[PDB]
Amino acid sequence: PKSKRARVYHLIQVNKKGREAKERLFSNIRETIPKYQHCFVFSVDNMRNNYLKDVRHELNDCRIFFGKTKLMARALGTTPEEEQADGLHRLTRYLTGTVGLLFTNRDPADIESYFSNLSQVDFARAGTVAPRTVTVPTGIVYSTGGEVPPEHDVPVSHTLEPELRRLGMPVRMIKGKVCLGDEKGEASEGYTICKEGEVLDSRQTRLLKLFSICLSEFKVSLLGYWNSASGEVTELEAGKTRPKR
Amino acid sequence: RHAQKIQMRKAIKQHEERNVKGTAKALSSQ
Amino acid sequence: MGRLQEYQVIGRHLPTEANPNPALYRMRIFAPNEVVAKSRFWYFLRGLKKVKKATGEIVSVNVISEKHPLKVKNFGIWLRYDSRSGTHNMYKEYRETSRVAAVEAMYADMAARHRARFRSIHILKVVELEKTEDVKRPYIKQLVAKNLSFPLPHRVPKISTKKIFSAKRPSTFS
Amino acid sequence: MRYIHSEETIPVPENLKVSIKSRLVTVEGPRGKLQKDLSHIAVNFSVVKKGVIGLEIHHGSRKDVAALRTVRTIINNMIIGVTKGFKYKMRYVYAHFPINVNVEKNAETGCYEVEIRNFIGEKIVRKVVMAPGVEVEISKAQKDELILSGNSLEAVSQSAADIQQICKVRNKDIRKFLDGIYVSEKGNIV
RNA sequence: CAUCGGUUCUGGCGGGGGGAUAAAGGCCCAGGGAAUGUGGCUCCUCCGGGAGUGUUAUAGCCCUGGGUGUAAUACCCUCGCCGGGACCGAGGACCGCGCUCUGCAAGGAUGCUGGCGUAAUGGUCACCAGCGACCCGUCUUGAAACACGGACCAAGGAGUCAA
RNA sequence: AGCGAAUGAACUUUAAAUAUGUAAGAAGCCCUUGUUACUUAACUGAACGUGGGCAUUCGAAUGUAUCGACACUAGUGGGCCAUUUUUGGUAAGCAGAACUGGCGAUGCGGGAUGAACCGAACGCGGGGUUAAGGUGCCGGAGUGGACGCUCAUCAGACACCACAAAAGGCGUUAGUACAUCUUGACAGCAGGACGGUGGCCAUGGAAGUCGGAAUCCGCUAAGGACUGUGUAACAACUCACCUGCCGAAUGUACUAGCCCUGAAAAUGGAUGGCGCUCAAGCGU
RNA sequence: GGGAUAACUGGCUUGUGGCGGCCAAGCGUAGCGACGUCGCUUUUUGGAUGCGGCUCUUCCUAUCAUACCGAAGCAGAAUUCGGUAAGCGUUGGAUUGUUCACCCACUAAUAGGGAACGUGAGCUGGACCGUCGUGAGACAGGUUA
RNA sequence: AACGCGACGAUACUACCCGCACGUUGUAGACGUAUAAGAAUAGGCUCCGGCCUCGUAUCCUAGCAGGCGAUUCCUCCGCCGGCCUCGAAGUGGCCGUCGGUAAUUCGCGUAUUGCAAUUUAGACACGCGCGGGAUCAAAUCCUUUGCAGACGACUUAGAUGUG
Numbered sequence: 002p003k004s005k006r007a008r009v010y011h012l013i014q015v016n017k018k019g020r021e022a023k024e025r026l027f028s029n030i031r032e033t034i035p036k037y038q039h040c041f042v043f044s045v046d047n048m049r050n051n052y053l054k055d056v057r058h059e060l061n062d063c064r065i066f067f068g069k070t071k072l073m074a075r076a077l078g079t080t081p082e083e084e085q086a087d088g089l090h091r092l093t094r095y096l097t098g099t100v101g102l103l104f105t106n107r108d109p110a111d112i113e114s115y116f117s118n119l120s121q122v123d124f125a126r127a128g129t130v131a132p133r134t135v136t137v138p139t140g141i142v143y144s145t146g147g148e149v150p151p152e153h154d155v156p157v158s159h160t161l162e163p164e165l166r167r168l169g170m171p172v173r174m175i176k177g178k179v180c181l182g183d184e185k186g187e188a189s190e191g192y193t194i195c196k197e198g199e200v201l202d203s204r205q206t207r208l209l210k211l212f213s214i215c216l217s218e219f220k221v222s223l224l225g226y227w228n229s230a231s232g233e234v235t236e237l238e239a240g241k242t243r244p245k246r
Numbered sequence: 054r055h056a057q058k059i060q061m062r063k064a065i066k067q068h069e070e071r072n073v074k075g098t099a100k101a102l103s104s105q
Numbered sequence: 001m002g003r004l005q006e007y008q009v010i011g012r013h014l015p016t017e018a019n020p021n022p023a024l025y026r027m028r029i030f031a032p033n034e035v036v037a038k039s040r041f042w043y044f045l046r047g048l049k050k051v052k053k054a055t056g057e058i059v060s061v062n063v064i065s066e067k068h069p070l071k072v073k074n075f076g077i078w079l080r081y082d083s084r085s086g087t088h089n090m091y092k093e094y095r096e097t098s099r100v101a102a103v104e105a106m107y108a109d110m111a112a113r114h115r116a117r118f119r120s121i122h123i124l125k126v127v128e129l130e131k132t133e134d135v136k137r138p139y140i141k142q143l144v145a146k147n148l149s150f151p152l153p154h155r156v157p158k159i160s161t162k163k164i165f166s167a168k169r170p171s172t173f174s
Numbered sequence: 001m002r003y004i005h006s007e008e009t010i011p012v013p014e015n053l054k055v056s057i058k059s060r061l062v063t064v065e066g067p068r069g070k071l072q073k074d075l076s077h078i079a080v081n082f083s084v085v086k087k088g089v090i091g092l093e094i095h096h097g098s099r100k101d102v103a104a105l106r107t108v109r110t111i112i113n114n115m116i117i118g119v120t121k122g123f124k125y126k127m128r129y130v131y132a133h134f135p136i137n138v139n140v141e142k143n144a145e146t147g148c149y150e151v152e153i154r155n156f157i158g159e160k161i162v163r164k165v166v167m168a169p170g171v172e173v174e175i176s177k178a179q180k181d182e183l184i185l186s187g188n189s190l191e192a193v194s195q196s197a198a199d200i201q202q203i204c205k206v207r208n209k210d211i212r213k214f215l216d217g218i219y220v221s222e223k224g225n226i227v
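Protein chains in written order, with the deposited numbering: chain CF, 2 to 246; chain CK, 54 to 75, 98 to 105; chain LS, 1 to 174; chain LH, 1 to 15, 53 to 227.
Read the hints as simulated data drawn from the structure, not as lab findings. One or more of the hints may lead you astray.
[What the hints assert, rightly or not] What follows is a set of in silico ranges between Cβ atoms, one per label pair, in the way DEER data are often shown:
{"#": "1", "chain 1": "LH", "residue 1": "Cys148", "chain 2": "CK", "residue 2": "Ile59", "range": "43 to 51 Å"}
{"#": "2", "chain 1": "CF", "residue 1": "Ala7", "chain 2": "LH", "residue 2": "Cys148", "range": "26 to 34 Å"}
{"#": "3", "chain 1": "LH", "residue 1": "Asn114", "chain 2": "CF", "residue 2": "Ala7", "range": "27 to 35 Å"}
{"#": "4", "chain 1": "CK", "residue 1": "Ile59", "chain 2": "CF", "residue 2": "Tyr37", "range": "51 to 59 Å"}
[What the hints assert, rightly or not] Chain LH is faced by these chain CF residues, among others (derived, beta-carbon under 8 Å):
{"#": "5", "residue": "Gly169"}
{"#": "6", "residue": "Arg173"}
{"#": "7", "residue": "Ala188"}
{"#": "8", "residue": "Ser189"}
{"#": "9", "residue": "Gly191"}
{"#": "10", "residue": "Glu236"}
{"#": "11", "residue": "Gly240"}
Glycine included, C-beta positions come from ideal geometry on N, C-alpha and C.
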């Protein structure tokens, strides 16, 4: 009845895709399966995954899928009777959560070497344990939060001032400059954003992203793969300790 | 509020149409 | 309304030389008594076909009673009621022991919720839901919920209305 | 539509003790003792497991079940207050006149009095009395800041709002005069 | 107070008929069906309570035909029999209709008994109480409203006589 | 109704509702032949008569507290309101005809009150039962029963006419249609929201967001030559869209009840009053 | 000269114009149609009015001031709009037959109304006939509320 | 509040208080006029066993309108004293004395009011009587005053004194 919230009808140019997009996903996976010899299942547990585009550009000659997990599972087939190819159903069993497919015409050892040598620094992300203590210096705060030398740094922005306050540093606006305490220092002590060995909240993660300080590492973890010629799936170390479907 | 809701409904309908899609003054002036 | 019973009426146009042995129309209705049953049958037949009271007769009127008035049934009533805007359809559900009780409750509920009266309500089809999965309304769903047990909190005691004064403050627990 | 049964559940920590009378709720723990009357809402309190309390409404309406969501969060707020407590960090800023804040506790009535002086040059002293059970301090961790902590979230929040309202600017430009005492951080002591 | 007549109000009891010769329901008989699944087994953060396979099993239920049965009952309509109360008693030899005919509840109340036999019943004035209740006449109008006359009492006071 | 009958309100086999005129027997119809100054080619027609026919259901029902004719005599010549039908008109009012009904000259019960409403007409009494209307006493009779709805910062208690609508409610209940959901719906939280590209023109400067026009491609899970915040420009945030967690029903527009608003002045007062909230309000 | 009509408003009044086109939910199966927008009034350079006026009582709020709020380039000062509020106060000059407008002055400001067809209480500043003319009227002619 | 109330002083007469003889005295109306927890109602009570819809409960209730006498009973009731208690518009308990008293049973009387006729029977209030204690007053008028005043009214003063 009445006493209900009214959601805004957005003046936008893109709308929700839904079933016909799920259908393109089905068609693309089913047309991709026969074209390649090996299918890898990889996992990206707690990473921002904005480096997947560079991974794609590097493996331009490989077809990588990262969609909704249940849709990918059912496109691959969940039962031995609805499989497109033999055993893609038990590869669906490795396909459990924040995972992706990788169809290749290449050698499993070369794929594993690439994704074992590939590693890039990324922002903390919520839930990760802090590997360090990051505290801002007392005084005028800069755009890096006292990580690069201050003499080679630019002050943080007055439009990030109110956002920085809502994230929780007692910082003030003196003469157009954001400073913690007083401009000449003294005043107050520093603000320790994160402590060693402590689960980081989204507040702290947003603080770290605003200060452009990276604490986490992006690494794709290959859970397993499947060769079509033998019709056989091989487990690479990861799935013995990662929960399965 | 009647005028405002009529305006909002017209704006919503016009936006839906345009998102789906991919003289008397002259005589009087003379 | 009142006390009702099922009344099944067959009536036919009066025989003539042109069309002997007429169609013998029949329908089942709800009336407090047989006179009202026949009047409603003739009104409905005038509304549907081109047969009138004067040019017709009542072949039979019988009371349909329930097959099993002792077992709890769920009834779906599809009805049409005319309000100030026009004619509107409703499907409503009632948990009773008889189609008579279902229709009684339906008249009462329509009067209470929409101020629709007897000549403003038309009974189009009353059915007994043969099994669950045929109930669509949350109240009868919660009535047919498994292992249904509930207390009766704040039960006002039934004191005689001539007992003006009491010596103890009454309790509302049992 | 007269729902036959609607149930809610509140879990309890190991180190707390909840004693609930007809509709009085009393909670004890490491931090202290909090009591509240809920006699204005119809509810049956129950135990379903070792460490969870249950709240139910029979033959109720959506208003009744909505009360059951409020009754839970209020009791949950009391449990959190007795386990970890509540704390409000407030900051006072000024442009030309330093705001002088004096916090003391009187032996009589056992309350905390906060006195504000020199709010944009006013000669009037502004005295605010705290609700009982509230501790107010000027912490030497940051300058121009105050910490108001306690057991009851309602009392702590109402006290913070009381200081914020008493330091209000009148007949001036809101965009120009930026002086006052404002709630900056909200959280728990532990 | 008892026995009666007239009118009337209000309780109980005994049958009859009808209806789908109620519908149901109990109880046997046969045939199907299913779930808000009667036991078991598997799993299950085990005082406990749940998910899965599992249809009469250590509960039952639904539908259909048959019997018992011309069952019971409700409901509608009917034929009677008892109880309590109220108000009334008109007429004054016989005739008449009758019946249950030594007689009678049959064309209208008699029998028995008590207190008092006087303000006791009853009636009239004054007041109280409950309810009810615009100040009369004239005039106009469809009607009101208005207007007119009315300080009180006594006597007089207005369709008569002749052609 | 049909046009699988023809033809096309002006079509019809048939035929509604609704009021309405005439007639329903001895106070009769005919048939038959005598007259006539009428008439006809004519005992031929018309009128005046004879005979017959049914006296019993003699020519439907129902009522019938009698009807008709003559003579004489008194008071009367106004209208008002309303239903239905009907003509005209206005912004709305309203005006005019016809029928019937209430008032006169009419008392009584009810509607608190009252020309125009509902019931019912009248000698004086006793008893019984009802109408309209009522049963929280005032006030005789129910704080009767069954199912629901409603909380009003002067509700409502029969006014439904006005204000007044395609009106305003994030009040509440019932319903209709359409759409999405274990191929994970609504809401949320943690993340992505990228590249050609500081896309073309203009401006001192304008990079998606002071302006004009087009408004594409790739990667795709998806991302607008961008929905807002922000910079002098950047930058940065955010939205759109997408993924992971959660887990089962949601959510858009209409409809129907009751409720709030939909306009108010001036001595202090009115559902009759007190007062009434699972009512002493509304519907059956 | 005759006839009808013979007072009249009484949940009346108040802030947002009318005409035509487009659009338009319903209804309806063409006709009706709200809100908006466009065209006319309407744009490219900054006197009207033809019964009035004083003292006192009371009421309304449709609030001028005083009190408190929300918004505004609201720096301060002075303000503007709007909300709750009637407790408390609430004018004078010039001109005109009078009134308002405009203007001029103090003042915190110097608001608008009701006392119910007699607009609080008190006070002040004609129609009928007759004669004679008819292209218009006259009468110290008569009668009368 | 001149028809709301409280505290206190003095109260001559009258009879102020006390006991009964009562009243042909009044009463919107005796006839067992019997009964104190508080508080909640989505809870409570308790003797701590348990109990709670239910005041259709508890107390009291026999005797010539309630006589007289016994076996037996220490239970109930009332009046006076003492100690305390109750003030929202004022009472109850404990002790004591004194009087009455079916928990059981029995005896001697009831008649005749004549077949019903309010079973005149309670309380408070008021009034006449005795015999016991006690008390022994004011106001108004008059004169005067002027803190007052239309007239009334009001503040004052007249008994041996600061008159």
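Hint check:
1. LH/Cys148 / CK/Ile59: 43 to 51 Å: For LH/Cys148 and CK/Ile59 the Cβ distance comes to about 57 Å; the hint is violated.
2. CF/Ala7 / LH/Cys148: 26 to 34 Å: About 45 Å separates the Cβ atoms of CF/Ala7 and LH/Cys148, which means 26 to 34 Å is violated.
3. LH/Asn114 / CF/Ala7: 27 to 35 Å: Between LH/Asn114 and CF/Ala7, where Cβ atoms are some 29 Å apart, the hint holds.
4. CK/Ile59 / CF/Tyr37: 51 to 59 Å: holds, 57 Å
5. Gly169: With a minimum Cβ separation of about 6 Å from chain LH (threshold 8 Å), the hint on CF/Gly169 holds.
6. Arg173: holds, 7 Å
7. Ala188: holds, 5 Å
8. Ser189: Holds - the Cβ of CF/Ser189 comes within 8 Å of chain LH, reaching about 4 Å at its closest.
9. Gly191: Result: violated, 10 Å to nearest chain LH Cβ.
10. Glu236: violated, 40 Å
11. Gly240: violated, 35 Å
When each numbered hint is compared with the structure, violations occur for hints 1, 2, 9, 10 and 11.
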